[PDB]
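All protein chains but one are shown in place.
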């Protein structure tokens, strides 16, 4: 899981 | 559409 | 959605990440912030959810050495205390 992936999941 | 997005779509 | 007005510092980071406005929705603020972190490569090479901002203005803005994108609540609080108006 890359930064972009996590950032895109921001709840 | 960011680099990560496009890269992730590589066909 | 509602418009928010970032403080001068938060505004300068968003602008350097390509933003052109002075008022944005929270989604634009979040989008632009990810681009800033991306462009400056502040995230950790191995544990990519950790952002190191000890020697970057983002650290001055948030007042932390680092943070995890896996802790959404603390992140939103740091952004919120940096909006002169959460309803423009």
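The letters A, B and C name the chains in turn, as written, and every chain counts its residues from 1.
Keep in mind that, in the parts below, contacts are C-beta pairs under 8 Å (C-beta built on N, C-alpha and C of every residue); 3 or more make two chains touch, one makes a residue touch a chain.
Visitor: Just one of C:39, C:77 or C:86 touches the chain that is missing; which is it?
Guide: Touching the chain that is not displayed is residue C:39.
Visitor: Where does subunit C touch the missing chain, residue by residue?
Guide: Touch set of subunit C with respect to the missing chain: 18, 38-39, 41, 45-46.
Visitor: Just checking the interface: what residues of subunit B touch the absent partner chain?
Guide: Here the touching residues of subunit B are 1-4, 6-8, 10-11.
Definition applied: only the chains that are shown with their structure count from here on.
Visitor: Between subunit A and subunit B, what is the separation of their C-alpha centroids in Å?
Guide: 14
Visitor: Give, as an integer number of Å, the spacing between the C-alpha centres of subunit C and subunit B.
Guide: Roughly 23 Å separates the two chain centres.
Visitor: If a residue has to touch 2 or more other chains to count, which residues of subunit A qualify?
Guide: Expected reply: 2, 4.
Visitor: Among all residues of subunit C, which ones touch two or more of the remaining chains?
Guide: 38
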